[PDB]
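Asker: As a plain string of letters, each chain reads:
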Amino acid sequence: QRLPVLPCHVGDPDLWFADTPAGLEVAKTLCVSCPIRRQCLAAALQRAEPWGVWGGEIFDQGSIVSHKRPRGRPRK
Amino acid sequence: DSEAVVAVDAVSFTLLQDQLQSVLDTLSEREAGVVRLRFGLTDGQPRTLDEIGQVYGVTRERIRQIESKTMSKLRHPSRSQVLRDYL
Ligand code: SF4
Numbered sequence: 013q014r015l016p017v018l019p020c021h022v023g024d025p026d027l028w029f030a031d032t033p034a035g036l037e038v039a040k041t042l043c044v045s046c047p048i049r050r051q052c053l054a055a056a057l058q059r060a061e062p063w064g065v066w067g068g069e070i071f072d073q074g075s076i077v078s079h080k081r082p083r084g085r086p087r088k
Numbered sequence: 441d442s443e444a445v446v447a448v449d450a451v452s453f454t455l456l457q458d459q460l461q462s463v464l465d466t467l468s469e470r471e472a473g474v475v476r477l478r479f480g481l482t483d484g485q486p487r488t489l490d491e492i493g494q495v496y497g498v499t500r501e502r503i504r505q506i507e508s509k510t511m512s513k514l515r516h517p518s519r520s521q522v523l524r525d526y527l
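Line order of the protein sequences matches chains Z and F. Residue numbers for the first sequence follow the entry's author numbering, so the first one is 13 and each next one is one higher. Residue numbers for the second sequence follow the entry's author numbering, so the first one is 441 and each next one is one higher.
Check the hints yourself; a few may be wrong.
[Unchecked claim] In silico DSSO-like cross-links for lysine-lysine, where the CA-CA straight-line distance does not exceed 30 Å:
id	chain 1	residue 1	chain 2	residue 2
1	Z	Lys40	Z	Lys88
2	Z	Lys80	F	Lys509
3	F	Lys509	Z	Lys40
4	Z	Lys80	Z	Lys40
Everything labelled a hint here was simulated from the structure, so no lab data went into it.
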């Protein structure tokens, strides 16, 4: 079916929870071409997923952050 | 005999156990042990939250947070498709 075209499970699944701001960036933008962004993002927002890339967007424990804040002192 | 072995549910159950063993083995060791002891996939005996916390040397809130994160990781479609077809 359309399973190998689905960009979620094409490669290694441990990529999409890597705890670097730059590592998961290609994981987030790899769901640009995903055919099911609407329903996946809708399910992720309704069930309140606390981790990882969902619907081509990252998640905190309840909501969506724009980009994950890096380790260290943030920029003034 | 409406209560016999249907001869395809047994092989389907064996393949389900094989696939679940695979997906549980593609995780971290502490999270996999926490999931196995939480749902009783080791020996058919489910373990309590404080029991898992006692045998792994952390607190119960840490244990349940690790369990919630691991449940999210398994609920992710990248690990979840091959089991999504079974149910
Ligand atoms: S997170 Fe995005 S890319 Fe991954 S399966 Fe869901 S919609 Fe597709």
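Asker: Against this structure, judge whether each hint is valid.
Answerer: Hint-by-hint comparison with the structure:
1. Proposed proximity of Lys40/Z and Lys88/Z is supported: the alpha carbons are some 26 Å apart, at most 30 Å.
2. Straight-line distance between C-alpha atoms of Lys80/Z and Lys509/F comes to about 17 Å, which keeps the hinted pair within the 30 Å bound.
3. Restraint check: the Cα-Cα separation between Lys509/F and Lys40/Z comes to about 19 Å, which is no more than 30 Å; the hinted pair holds.
4. The hinted pair formed by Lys80/Z and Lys40/Z meets the criterion: a straight-line CA distance of about 12 Å does not exceed 30 Å.
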